[PDB]
Structure formats: structure tokens, C-alpha cells
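Student: Each chain, written out:
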Amino acid sequence: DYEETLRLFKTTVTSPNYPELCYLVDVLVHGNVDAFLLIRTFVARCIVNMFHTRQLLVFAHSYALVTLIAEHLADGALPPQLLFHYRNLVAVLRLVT
Amino acid sequence: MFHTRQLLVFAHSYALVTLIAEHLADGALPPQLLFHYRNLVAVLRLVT
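Chains as they are written, first to last, in PDB author numbering: chain I, 589 to 685; chain H, 638 to 685.
Please keep in mind that the hints were generated in silico from the structure rather than gathered at the bench. Just so you know, even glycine gets a beta-carbon here, dropped at the ideal spot from N, CA and C. Mixed in with the good hints, there may be bad ones.
With the C-beta cut set under 7 angstroms, the calculated list includes, among others, these residues of chain I facing chain H [as the list claims (entries may be wrong)]:
no., residue
1, 605
2, 620
3, 682
Calculated Cβ distances over 10 angstroms to all of chain I for the following chain H residues [to be verified]:
no., residue
4, 640
5, 645
6, 646
7, 649
8, 650
9, 651
10, 653
11, 654
12, 671
13, 672
14, 675
15, 677
16, 680
17, 681
18, 684
Calculated Cβ distances over 10 angstroms to all of chain H for the following chain I residues [unchecked claim]:
no., residue
19, 590
20, 593
21, 612
22, 615
23, 643
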């Protein structure tokens, strides 16, 4: 069962309220690992503050961002539910492959 | 209006409904009301 996480992802993607910086940070991170490691606090505050103020989660659009969130941000600095959502997405990819 | 009266407000006409979930969405509101109006515009998109 992943229908709830996929439903939330659908709400995020088909929403014009997607925050501008999410693209900009996707470009500057460039999918580079330690580059994402250096920006950990900013993305952690951004995802919790966004999810609390608006239900749609952020940085779901780019695969590199999703994978780097799921691995390196998992160490902490995030309430477990959002990390669990991202891990469920990555597990959905693993099930598909 | 929503909190006291239990009815949402400015739903009676298209211009207000379409402007609320494009320009007012940036903050300033609880998620539930904004998503009610976004659901109304999404219903319009589905039906068209």
C-alpha cells in the first residue's frame, strides 16, 4: 500500500503553489552529493515550514533531490513522517524496477 | 467568516474564486480554505 503517499504526491505536482526556490536549489545542487550535504539545514527548514504552512511537500520534482533527501537528510533534522513519505516514494521506484 | 459562521465566503462569483487560489495562496491563510478553493477550480478544470 502506497496509495496515500502517491495521492499526496499528486496533490503536490498538480499545484501552482510550488515554491520558486525549489527549482533554483535543484539547479545549484546539480545532483552532487556533498553539495547537497552542505545545504542540509536550509532544505530541512524549507520542507518542514512548507509542509506545515501548505500541505504539499517540496523537492519531489527532481529525482536527484528526492534521492539525496532520502539518504542524507534521513540522518535527522526532520520529523519522521516526511522522511517516511520520501522513503516510500523511493521504495515505489524500487518496486517498479 | 469560515471560523465564526461555518460557511466559506467569496464563493458566489468566478473572479474572486479564481484569484484567491492564484494570488492569495503564497501564505496568509490556513491550508484547508485555500484547498477548498483550489478544489473548486480543479473541479472546473476536470469538467472542462
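Student: Next step is simple, just say for each hint if it's right about the structure.
Tutor: Taking the hints in turn, this is what the structure says about them:
1. 605: holds (5 angstroms)
2. 620: violated (30 angstroms)
3. 682: violated (31 angstroms)
4. 640: Answer for residue 640(H): holds, closest chain I Cβ roughly 18 angstroms.
5. 645: holds (17 angstroms)
6. 646: Fine: 21 angstroms to the nearest Cβ keeps residue 646(H) off the interface.
7. 649: For residue 649(H), whose nearest Cβ neighbour in chain I is about 23 angstroms away, the distance exceeds 10 angstroms, so it holds.
8. 650: Check passes; 21 angstroms lies beyond 10 angstroms.
9. 651: The claim holds: residue 651(H) sits with its nearest Cβ about 17 angstroms from chain I, beyond 10 angstroms.
10. 653: At roughly 17 angstroms from the nearest Cβ of chain I, residue 653(H) sits farther out than 10 angstroms, so the non-interface label holds.
11. 654: Given that every Cβ of chain I is farther than 10 angstroms from that of residue 654(H), nearest at about 14 angstroms, it holds.
12. 671: violated (8 angstroms)
13. 672: violated (7 angstroms)
14. 675: violated (7 angstroms)
15. 677: About 14 angstroms separates residue 677(H) from the closest Cβ of chain I, which puts it past 10 angstroms; holds.
16. 680: Per Cβ check, residue 680(H) is outside 10 angstroms of chain I; nearest 13 angstroms; holds.
17. 681: holds (14 angstroms)
18. 684: holds (16 angstroms)
19. 590: Residue 590(I) clear of chain H: closest Cβ-Cβ about 22 angstroms, beyond 10 angstroms.
20. 593: Fine: 18 angstroms to the nearest Cβ keeps residue 593(I) off the interface.
21. 612: For residue 612(I), whose nearest Cβ neighbour in chain H is about 17 angstroms away, the distance exceeds 10 angstroms, so it holds.
22. 615: Non-interface label on residue 615(I) holds, nearest chain H Cβ at 22 angstroms vs cutoff 10 angstroms.
23. 643: Since the minimum Cβ distance to chain H is about 5 angstroms, residue 643(I) lies within 10 angstroms and the statement is violated.
Going down the numbered hints, you'll see the structure goes against 2, 3, 12, 13, 14, 23, while the others check out.
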